[PDB]
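Shown below, as structure tokens, is a lone chain in the form solved without this ligand; questions about how it binds or moves come after it.
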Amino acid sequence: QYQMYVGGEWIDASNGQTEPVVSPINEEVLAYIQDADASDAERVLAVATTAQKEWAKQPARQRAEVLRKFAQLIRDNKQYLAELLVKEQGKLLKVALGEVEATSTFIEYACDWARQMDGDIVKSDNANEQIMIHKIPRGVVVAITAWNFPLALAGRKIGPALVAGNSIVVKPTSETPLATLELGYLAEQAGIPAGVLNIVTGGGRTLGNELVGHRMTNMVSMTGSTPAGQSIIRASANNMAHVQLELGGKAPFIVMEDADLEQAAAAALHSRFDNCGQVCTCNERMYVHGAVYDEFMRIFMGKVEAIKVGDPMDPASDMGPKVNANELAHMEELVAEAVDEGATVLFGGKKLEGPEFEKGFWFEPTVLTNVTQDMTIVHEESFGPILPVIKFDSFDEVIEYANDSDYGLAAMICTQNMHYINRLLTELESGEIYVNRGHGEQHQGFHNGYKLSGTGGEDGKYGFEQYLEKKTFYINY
């Protein structure tokens, strides 16, 4: 029976409600969590506010010292945390180990920024006057994390928020919170002061909505769905919290006529099927040039046929289960909707059958061909192992397709043509573009989406900057 980590203590939701956490592998109950509502918001935000006053006054060098310790403790417990992620969320073991490591590196990359939170000395138009733009903490950050990579998403936000001198309240999704809650203990083993790092669980429209719109909240950093994000933006009207969101995506993977086909098929394969399609940057729609279609597809389909779906703890598995039943059902709906709209199911399209799959949420890798740009599958985010393939004949045409979307997070292209690549800068409306390579970003880049994929951007110089506020001084002598 997990509790919440608040102000250095472990406590119950005051509404006394609990909830099981269920494994997508076999539907067993792994544990129970609190299911708090809006009555617990004021209390946790209040301890965060109070702990932040003293935490902010520490030299940044000392805050980074504490968090580097925190980061290493996570790595110490890598094997435990990774298997816990595999069970509660259903990613492959090797992928979970990658996520725990990324949780540590996210905090470590932010710790590099400690003595580089430079403010500006600006030249005044008046003699004997200084202008000073300082960088300071905002105050209290609320972090909302998703079930695709719950633990790494916590690291991605805890790191920057804390190094910058804020305190944080993390609300991991109730679908996959356990590994995240386990950080609570690691925080105390690291000596993060009581109240500076808080972890709570509850209802999205109750506890969540109360947190993000609250007057004690200065910033909301969140990953999830576009509608959930729009709700947070409305909520932020109440407090004028800075809002940083990573939301929906419908990334095009584009194979140009002069691409290295073997490289492109490999990059496209994993960009769609990594984490069972549950990545914000996934190849969600593939465009293949008609001069290379047949050859590209013998290669690509050769790789798809070899994807072994199975138990994520089993090293032989190339793909695990979908996260829950609603998301499984959604696979079936989209595939049925596509066939009905005239699509060809080239491979897959079914729940796995077999007595090994009587329990759990399992879907075949799926390739949909003879697809046209106006079909729903080319527009709606599947977030699962469903990939539609569209032919095109020229660069201008595929750029049109690519920008035909309410999303603009990631995109991938394969080509040898400098000029195509150069034109992407002004012509392709996606914020994170991969060339001759599949997805997967780095702590030091900028994870930024256009249109309805989010606000603010995450990671790197510009990401970290958002956890800071500015204070400007005009001083006259």
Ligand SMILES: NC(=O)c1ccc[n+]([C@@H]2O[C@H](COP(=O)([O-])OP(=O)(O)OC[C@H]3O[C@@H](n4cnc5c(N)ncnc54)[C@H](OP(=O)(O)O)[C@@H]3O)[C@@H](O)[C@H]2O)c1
Contents of the next structure:
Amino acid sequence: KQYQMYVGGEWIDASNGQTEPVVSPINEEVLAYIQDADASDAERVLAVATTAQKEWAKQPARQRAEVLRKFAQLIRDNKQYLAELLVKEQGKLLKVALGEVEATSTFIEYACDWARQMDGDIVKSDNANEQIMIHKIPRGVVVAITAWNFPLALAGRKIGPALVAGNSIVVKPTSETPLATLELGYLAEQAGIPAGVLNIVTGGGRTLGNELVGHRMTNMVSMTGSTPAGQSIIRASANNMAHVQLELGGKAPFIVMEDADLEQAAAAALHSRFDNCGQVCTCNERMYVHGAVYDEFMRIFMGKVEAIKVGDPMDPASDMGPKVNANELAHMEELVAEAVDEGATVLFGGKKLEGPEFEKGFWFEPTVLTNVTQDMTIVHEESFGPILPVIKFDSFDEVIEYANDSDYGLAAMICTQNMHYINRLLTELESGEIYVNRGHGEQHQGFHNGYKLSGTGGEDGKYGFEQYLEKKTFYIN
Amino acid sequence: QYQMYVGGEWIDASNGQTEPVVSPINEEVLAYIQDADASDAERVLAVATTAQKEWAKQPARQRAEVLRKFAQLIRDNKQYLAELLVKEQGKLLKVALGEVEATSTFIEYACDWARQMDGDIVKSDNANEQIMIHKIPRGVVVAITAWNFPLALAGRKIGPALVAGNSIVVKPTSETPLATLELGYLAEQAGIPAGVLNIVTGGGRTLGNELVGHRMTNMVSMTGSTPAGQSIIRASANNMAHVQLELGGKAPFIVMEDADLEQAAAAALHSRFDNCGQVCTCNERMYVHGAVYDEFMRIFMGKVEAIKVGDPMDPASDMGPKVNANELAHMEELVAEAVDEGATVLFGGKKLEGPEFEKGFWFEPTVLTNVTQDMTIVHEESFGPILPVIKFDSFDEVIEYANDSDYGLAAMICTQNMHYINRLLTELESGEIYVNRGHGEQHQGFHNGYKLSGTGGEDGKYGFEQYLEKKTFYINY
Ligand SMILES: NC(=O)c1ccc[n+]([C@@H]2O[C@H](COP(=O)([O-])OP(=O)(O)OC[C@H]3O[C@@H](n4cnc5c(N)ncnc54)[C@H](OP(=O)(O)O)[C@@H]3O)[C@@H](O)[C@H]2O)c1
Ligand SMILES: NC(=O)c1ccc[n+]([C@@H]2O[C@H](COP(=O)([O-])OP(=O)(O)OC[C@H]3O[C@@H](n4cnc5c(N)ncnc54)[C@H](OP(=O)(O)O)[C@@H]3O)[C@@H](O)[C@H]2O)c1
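What does the same protein look like in the form solved in complex with this ligand, given that the last one was the form solved without this ligand?
Now the complete complex, all chains and molecules, led by this one.
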């Protein structure tokens, strides 16, 4: 099977003859080939997107919302096909995959509610017989770049707001897991999305993606991915000063205070690390446990970790599937060996799975490291896998300083029944997305917003949607 | 000789370095300033970070009252600060009095947003859960200013930054810092706590570059040339500070066939030759419909020939000097290049001659005619009293001409045709549009540039809110 690219309502090949394979993490089966365009394909799809946007913007916002609501429902109609495709290309549990498809639909349906919230401002002038008008208008062409952990939902997360607001979009999905995203091309056509309003091109992030983000025709970049790629895009955007909405890496601490409910805290900590095989940007990446509850907490928590069943993600008994590819599995092995080198203990796991049920695929054991000090690399380098270091602490001010000792500042989780600890978080905890007495997991109406190198400018909600519009100011005498 | 205002104290550059400040009127050395390099960035950032922690705890009404007092002290010393602006920058005295006033009203206007910082209570999809989105200060703001209105640009940024609970590190232009440095004295007089307002002087490419990329810089608000802003965007990859950058312009001034010619001629005259062309919204290319060209030009050239160039303290002067020798040479180079490309020097085009102008940097009001759209003077920002004039035949043509540009800040159009004015909203790629009047924006507006004219905009509601960060809480009960 070989996919094409969706450009201007047609299916076309990369102008270089290049393809790229897509490999299942479950069994290393080559699932399909995709086009592997390079920088020379950017201008065509941007020009097509530019032309289509002029007509799309003229459509009443209510019609745009009606088309996208149909698009989102067509996605829901094909939930089972798309979920099984996500399981095969990306490796997530089937039940998580079904949840990702639903989130794709709801990300689009949530944005449709903003179809009627684009009013401008009538501003009173200091000068007589004069009016100041501040209109909201589309930016034009949005470039949307996605990551592989939730590729389909990350696309809907950006398609929805961009098209509702009257923009056209050029989606460059991750090259690791683009197949389900490419299938949206056919549903876009079924829903009646006009030709060129939704484009899907596949190719190298550092070639095609880099050409798209700095291009003259690109008015906005919405991108999800690692911090180094986001930094490259920031540099590129100096060439066009396109608005950049970049949602990048995390190193979320999970803090268990002395007065936490240990059973609630342990279950929240368990899911927050091992959801999606650790491949969540809000994951519990470093667990801080107060020394007074350490022993009792860890006995509860470790009983949970040791019962995680790693297996085939179509098997309903599986609690954790494979890692997405060999590069990411190698990263697990290197983080573990390096942590042993700097003095840490491997309490559980810490190796790739052995045995007949796992000779194909990229399988890593749920891993807990102890005797970890704050300065070890595993406390600072994002893991994005099932590796959890555990650090003791003795006071709030101590763990706060640990929490902020980071280049990342996306998620943070804390379990405590002390309301004054929680109130100090507003001014003292340098994370943009804070969970109190529960695990990670954001909502469409929230604001997914990362401090420091976790991004520059948030996503979702009203403050995410508002970034897909531009302003135009009129001084009218 | 001036020092730098850091942490409530006055100190020298840690290198031994100083830099002269020269009057454009007579080339008199006015003062020496500190010429600090990158090695002074950390220290001023450290005391700003410390001072912000206590500043943000003050009730917002108290911060507004301190800033209101700061704004009135600036007004109290209007005559001293205006004459200082005249000597260091060369603007006309009455414009200098206006700039001082706009410095105070920039701050006073920002004090009105002191009670417009409410967060959001957001209904959760889950029972017994609350989503809270708080608005908080960003932290340390770095403020970089340009030389054409140095004191107002400072106040345009000091006002919103400090009202919102940030601290500020102001790096003024090295060409014209003196009046800006005087603010340090007034900040002590007003009771601004030590370290909330800091003023450091040094090269933008050394000290400024180190300030904008530093880990302690949460936001950059900068005004200046497009190449400098492109350097700041690249540097911001290192910290992902929010960057509010207000860069170059190339504003078209458009005279449609149905324009009130006398009204259009006067608005065009001031829009180009205000502040010797040193305004980012200046009329930089004049498009005149061929059907009114001769009548409009006879009216317009009459007004140009009446411009009196001379001493900016003399109330008879309508235009003062260019700011320095390099900017003056740029005037001579742009004219010579335009002639070599085929333009006519209809008027002016030379350094002023004769005794009375043997000292200082004096250039004549200059009009270039028989210009084609592709000449360099139609594309490269001049920022001086040079005006090319281009014929056109249709609205569609002049929209293409207007948009054929790397800049997209200001635009001016004179017409009676409501259909033309309505088409501007979708077809004219400028963020700040003036209809049947000249340039000049207002504090309640939104000063916003498309393309390489800047990132997000400044002033008003949407400028103020960029000085705030968000924090999202998912609180489970
Ligand atoms: N903060 C959030 O909301 C959020 C949510 C999910 C994931 N993330 C983060 O994203 C990362 C996920 O893994 P990942 O490997 O997919 O991230 P990645 O390697 O940085 O890839 C992200 C995307 O950007 C492209 N890329 C790489 N360089 C680029 C460039 N110079 N210009 C344009 N695009 C470029 C990629 O293309 P190629 O695949 O072709 O290289 C890919 O489509 C993790 O760090 C995770 O924390 C963030
Ligand atoms: N859009 C607006 O609202 C607005 C309003 C007024 C002026 N402008 C523009 O400003 C330009 C003229 O002013 P200007 O000559 O002063 O601009 P400039 O030469 O770019 O200088 C701007 C400021 O930034 C600093 N600079 C230069 N490189 C820097 C860097 N790599 N990092 C940090 N700072 C750096 C400068 O420091 P040093 O000069 O001391 O070395 C200076 O303080 C014109 O193009 C005009 O259009 C824009």
